[PDB]
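**Q** With these hints in hand, go ahead and build the complete structure from the sequences.
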Amino acid sequence: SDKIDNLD
Amino acid sequence: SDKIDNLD
Amino acid sequence: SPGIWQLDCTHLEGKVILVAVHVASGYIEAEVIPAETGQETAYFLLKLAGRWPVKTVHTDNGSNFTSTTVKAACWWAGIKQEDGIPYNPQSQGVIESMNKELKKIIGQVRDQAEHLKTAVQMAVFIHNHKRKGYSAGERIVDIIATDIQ
Amino acid sequence: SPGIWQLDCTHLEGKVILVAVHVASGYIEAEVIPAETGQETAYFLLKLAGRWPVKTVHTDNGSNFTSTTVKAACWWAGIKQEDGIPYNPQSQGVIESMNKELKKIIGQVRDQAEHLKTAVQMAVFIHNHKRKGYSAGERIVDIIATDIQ
Ligand SMILES: [Cl-]
Ligand SMILES: [Cl-]
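Chains as they are written, first to last, in this note's numbering: chain A, 3 to 10; chain B, 3 to 10; chain C, -10 to 138; chain D, -10 to 138.
Careful: at least some of the hints might be erroneous.
Stated by the list, open to error - Derived SDA-like pairs (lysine to any residue); straight-line CA-CA distance at most 20 Å:
hint, chain 1, residue 1, chain 2, residue 2
1, C, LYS60, D, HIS104
2, D, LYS44, D, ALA125
3, C, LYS121, D, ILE137
4, D, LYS121, D, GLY82
5, C, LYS44, C, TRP64
6, B, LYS5, D, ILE94
7, D, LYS119, C, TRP64
8, D, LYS106, C, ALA61
9, C, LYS93, C, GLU2
10, C, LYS121, D, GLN138
As the list claims (entries may be wrong) - Below, a sample of chain D positions facing chain A; criterion: calculated Cβ distance under 8 Å:
hint, residue
11, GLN28
12, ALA31
13, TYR32
14, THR57
15, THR58
16, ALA61
17, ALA62
18, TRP65
What the hints assert, rightly or not - Label pairs and their in silico Cβ distance ranges:
hint, chain 1, residue 1, chain 2, residue 2, range
19, C, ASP100, D, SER52, 26 to 32 Å
20, D, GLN138, C, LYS119, 17 to 23 Å
21, D, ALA24, A, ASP10, 16 to 22 Å
22, C, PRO23, D, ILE137, 36 to 42 Å
23, A, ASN8, D, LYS93, 36 to 42 Å
24, D, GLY122, A, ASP10, 45 to 51 Å
25, D, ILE137, C, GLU85, 27 to 33 Å
26, D, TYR76, C, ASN50, 50 to 56 Å
Because the hints were derived from the structure by calculation, they are not lab data. Every residue, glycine too, gets a C-beta built ideally from N, C-alpha and C.
**A** Below is the structure:
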C-alpha cells in the first residue's frame, strides 16, 4: 500500500 | 510455571 | 554512569511504546507492546542487557519495580533494579521532552509506515543518529569504550 | 570494517532464528520469527541500523538479496545491501560454527524459559558477554569507538 513495510 | 518468563 | 539506563513508557494510538534511555548519552532503544506488563518489561530488559553492558536500570513506575518477573530478569542478566524517583528534578523534564521529541518524529514518518512498530523504529534511528556535534549513538560507544579502556 | 554485518538464518523448534553478526567482532543480535520473509528481514535490519552504525549488510540468501522490501529498508536506513557469497571460504565454517554454538547455548538455557524467544535472547546475552581476553560486546564498542575517533 505504498509504505516501507508494505510496498503494495 | 517455574520459568524466568513464566514464574508461576 | 556508563552502565545506567532509565525505562520510560509512553502511549500512542492506543498502544504502549516502552523506551530504555542510556542516561549519560541520551541513546535509546524502544519497542511497541499492546500493554505494559511485567512479562513484556522483563523481556525488553533481557534484550537490552544482551546488547549493551547494562549495570543499573531505573524502572519507569512502581509496578515494574515491584514485579517479580522484572526482578527475575534483572537477576538473570546481572542488572541492579532501582526505582525511578526523580531526586534530581531535571529528570522529569528530560524524559517528558524526550517523549515529545519521539512523538514528533513518529508523526513525521508516520505515513511512510503501515504499522506503528516500523514508525517507532524509524524514530529510534533518527533520534540516535541526530547530531546536536556528536550523535547519541556516537556518545554511547565513546562512553563505554572509555570505560573498558 | 566497523560497519560490516552478515545476516544468518537458522532453524529450531519449527521456527526461524534470524541473526545479524558484526563480522569484525563476532557480536550478534537475533530474533525469533515464525518464517523468514522480506518483511521480517526488513524490520530486523531497520531495528539493527537504529542501534549500531550499519554501513553494509551481507544478506543470508538470494531471496533476501532480491526482496524489494529488504532493499527498501536498506535504502531507508542508509545501508549498502550486498550478497553473502563466501568468496573467502572461511565464512561458511565461521557461520556454521556460530550456529552450532548458539544452539548449544540455547539447549543449556532452554528449560529456564517457557518461550523460545526468551531462550534465544539469553543465548545472545551469553554469546556477547563470553570472554575468549575480551568479549564480542567489548570488541564491537572498541572497534566502532576507534573508528569514530
Ligand atoms: Cl498499559
Ligand atoms: Cl522460513
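**Q** Give a verdict on every hint.
**A** Now the hints, each set against the structure:
| no. | hint | verdict |
| --- | --- | --- |
| 1 | C:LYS60 to D:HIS104 | holds, 18 Å |
| 2 | D:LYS44 to D:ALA125 | holds, 19 Å |
| 3 | C:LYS121 to D:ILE137 | holds, 16 Å |
| 4 | D:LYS121 to D:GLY82 | holds, 18 Å |
| 5 | C:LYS44 to C:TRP64 | holds, 11 Å |
| 6 | B:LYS5 to D:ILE94 | holds, 17 Å |
| 7 | D:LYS119 to C:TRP64 | holds, 18 Å |
| 8 | D:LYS106 to C:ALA61 | holds, 16 Å |
| 9 | C:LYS93 to C:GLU2 | holds, 14 Å |
| 10 | C:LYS121 to D:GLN138 | holds, 17 Å |
| 11 | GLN28 | holds, 6 Å |
| 12 | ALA31 | holds, 7 Å |
| 13 | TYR32 | holds, 7 Å |
| 14 | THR57 | holds, 6 Å |
| 15 | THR58 | holds, 6 Å |
| 16 | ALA61 | holds, 5 Å |
| 17 | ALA62 | holds, 6 Å |
| 18 | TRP65 | holds, 6 Å |
| 19 | C:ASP100 to D:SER52: 26 to 32 Å | holds, 28 Å |
| 20 | D:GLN138 to C:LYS119: 17 to 23 Å | holds, 20 Å |
| 21 | D:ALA24 to A:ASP10: 16 to 22 Å | holds, 18 Å |
| 22 | C:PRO23 to D:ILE137: 36 to 42 Å | holds, 37 Å |
| 23 | A:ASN8 to D:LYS93: 36 to 42 Å | holds, 38 Å |
| 24 | D:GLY122 to A:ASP10: 45 to 51 Å | holds, 49 Å |
| 25 | D:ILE137 to C:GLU85: 27 to 33 Å | holds, 30 Å |
| 26 | D:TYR76 to C:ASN50: 50 to 56 Å | holds, 52 Å |
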